[PDB]
Amino acid sequence: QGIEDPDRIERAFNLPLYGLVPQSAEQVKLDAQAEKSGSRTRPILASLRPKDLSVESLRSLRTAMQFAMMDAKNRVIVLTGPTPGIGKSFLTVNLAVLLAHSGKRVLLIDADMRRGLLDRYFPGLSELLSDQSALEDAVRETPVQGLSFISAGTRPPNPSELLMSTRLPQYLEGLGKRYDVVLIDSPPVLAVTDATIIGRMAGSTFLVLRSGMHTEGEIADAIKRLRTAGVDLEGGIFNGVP
Amino acid sequence: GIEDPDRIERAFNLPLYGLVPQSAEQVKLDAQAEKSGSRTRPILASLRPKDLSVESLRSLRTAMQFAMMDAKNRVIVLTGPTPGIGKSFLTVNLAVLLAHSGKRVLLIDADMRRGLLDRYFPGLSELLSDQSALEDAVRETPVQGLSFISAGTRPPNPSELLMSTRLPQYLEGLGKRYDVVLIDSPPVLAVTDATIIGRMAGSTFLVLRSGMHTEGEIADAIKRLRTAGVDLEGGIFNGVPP
Ligand SMILES: Nc1ncnc2c1ncn2[C@@H]1O[C@H](COP(=O)(O)OP(=O)(O)O)[C@@H](O)[C@H]1O
Ligand SMILES: Nc1ncnc2c1ncn2[C@@H]1O[C@H](COP(=O)(O)OP(=O)(O)O)[C@@H](O)[C@H]1O
Numbered sequence: 476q477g478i479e480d481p482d483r484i485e486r487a488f489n490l491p492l493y494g495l496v497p498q499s500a501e502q503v504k505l506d507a508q509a510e511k512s513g514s515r516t517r518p519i520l521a522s523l524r525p526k527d528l529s530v531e532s533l534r535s536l537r538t539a540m541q542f543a544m545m546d547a548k549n550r551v552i553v554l555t556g557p558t559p560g561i562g563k564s565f566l567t568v569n570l571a572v573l574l575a576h577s578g579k580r581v582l583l584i585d586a587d588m589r590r591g592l593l594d595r596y597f603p604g605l606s607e608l609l610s611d612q613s614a615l616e617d618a619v620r621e622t623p624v625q626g627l628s629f630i631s632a633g634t635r636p637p638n639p640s641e642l643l644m645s646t647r648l649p650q651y652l653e654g655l656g657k658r659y660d661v662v663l664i665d666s667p668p669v670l671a672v673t674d675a676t677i678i679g680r681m682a683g684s685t686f687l688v689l690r691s692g693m694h695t696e697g698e699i700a701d702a703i704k705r706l707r708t709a710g711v712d713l714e715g716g717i718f719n720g721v722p
Numbered sequence: 477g478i479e480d481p482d483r484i485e486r487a488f489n490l491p492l493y494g495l496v497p498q499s500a501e502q503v504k505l506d507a508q509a510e511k512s513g514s515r516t517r518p519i520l521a522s523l524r525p526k527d528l529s530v531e532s533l534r535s536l537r538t539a540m541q542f543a544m545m546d547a548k549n550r551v552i553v554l555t556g557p558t559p560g561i562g563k564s565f566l567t568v569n570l571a572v573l574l575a576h577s578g579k580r581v582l583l584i585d586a587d588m589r590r591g592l593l594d595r596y597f603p604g605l606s607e608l609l610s611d612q613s614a615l616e617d618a619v620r621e622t623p624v625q626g627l628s629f630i631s632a633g634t635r636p637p638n639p640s641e642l643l644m645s646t647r648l649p650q651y652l653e654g655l656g657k658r659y660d661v662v663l664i665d666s667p668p669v670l671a672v673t674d675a676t677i678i679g680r681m682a683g684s685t686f687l688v689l690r691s692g693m694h695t696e697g698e699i700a701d702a703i704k705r706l707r708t709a710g711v712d713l714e715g716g717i718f719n720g721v722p723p
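These protein sequences, in sequence, are chains A and B.
The first sequence runs 476 to 597, 603 to 722 under full-length UniProt numbering.
The second sequence runs 477 to 597, 603 to 723 under full-length UniProt numbering.
Heads up, some of the hints might be wrong.
As the list claims (entries may be wrong) - With the C-beta cut set under 8 Å, the calculated list includes, among others, these residues of chain B facing chain A:
| no. | residue |
| --- | --- |
| 1 | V503 |
| 2 | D506 |
| 3 | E510 |
| 4 | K511 |
| 5 | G513 |
| 6 | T558 |
| 7 | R589 |
| 8 | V672 |
| 9 | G692 |
| 10 | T695 |
| 11 | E698 |
| 12 | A700 |
| 13 | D701 |
None of these hints come from the bench; they were simulated from the model.
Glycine included, every Cβ here is placed at the ideal spot set by N, Cα and C.
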């Protein structure tokens, strides 16, 4: 039975929810006519519709996430989730733009090197972590003023092994000083190794969950992996509220 | 993760239909494919007929054939707990060896989020979104007696497409025109994935890679499948020490 009750989530797992993001009918429309026109560019709700209820809900979520990051003395924020299809791309990109709009210098990173498609909203991480590219080539300017971006890059055959290396942590330390926040869209926590990976990013970590998509045991499994790996799991983000 | 195959059959009453060694030649061929700016994956069963892994797969091929005719079903499904287990490698090599045994085989890449099987040679996504007819989606490969449906272009709604009425209707017809329909299904990450695999209505096998899975991760995958009503015949233990 898919979980839709946010109160049930907070009490069952001691997971404070940093935001309730409604299912945007305007986002569904934008998605529909981009998939109809054969668009290779996903729209950014935050840039196109500043008054949308999901966007106002995202503005709230952003301030709360900033405070959490500052309390934890971090410069990296990590979004994860139990599975794909939960709105982790939508959230990470809209959050990055709102942080950039607030006045912050933001670095967005697509760390899902098996299915990351954050480039669609605008070499990448796979090359940088393979030493096929230097940092100054991987870091790209975005249409959005103040937002810089590192795509997932060419799909590698060893994405897990690349994220387990010394290089990612060491790049993140420098990038955390050159940018106000480093926002990472990480791969979903399917297994122990996924949790270890997210631990190495060492940022304020938020578990994305979509309404009606997860069973109680499914949420429990993701939380237990993150928590047993020693990840800084600040709280959750509940997405697609009807 | 778990290395001992005896612990797997004992702990989950999951009889292993095959033990497939880590093939050193496959490792070499992947390295060689990687370094060369190549857009194709080498089929081991084609290139190395007496590779120990290919030899273990002919044993597996026969066991699955007995399974599917006892079940009076010409749909075979492979699933797994996560990516990186060798499900692509096993399905394509099992498809080729079944063709070599003199069967008309249809291989379907149902994993529409990654869709890699076409690298070994319109697809499923265009078929289930009514953009293509079955006639245009089914392709004849360079392997004689082997036909193939690719993943197709990555859709925004993969689970929605696999949960549509079209999938089982198409499989009903294709099962009458081929001796074997072999499906590379998405991994069983949640009950929704187990339902989709249940609608495929085939003799189903759980792929597990040596040293990758905890006892809990294996248990979750099996539980999702058994509770969704899936005909889980047994498992395939891949990457064992040669
Ligand atoms: N709150 C929402 N309102 C409307 N559409 C949404 C919402 N959240 C996600 N979506 C849509 O659902 C789909 C899946 O979201 P996405 O971020 O791509 O998933 P993933 O978690 O795999 O990154 C996309 O088409 C996205 O635009
Ligand atoms: N038994 C094996 N011996 C050697 N290499 C293997 C074996 N099984 C899989 N591989 C390799 O491991 C990688 C991952 O396997 P693949 O089938 O692509 O994973 P997935 O489960 O995500 O489909 C590939 O490069 C594949 O060729």
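Verification of the hints:
no.	hint	result
1	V503	11 Å, violated
2	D506	6 Å, holds
3	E510	6 Å, holds
4	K511	11 Å, violated
5	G513	11 Å, violated
6	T558	5 Å, holds
7	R589	5 Å, holds
8	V672	6 Å, holds
9	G692	11 Å, violated
10	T695	6 Å, holds
11	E698	6 Å, holds
12	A700	10 Å, violated
13	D701	6 Å, holds
In terms of the numbered hints stated before, the structure departs from hints 1, 4, 5, 9 and 12, listed from lowest to highest.
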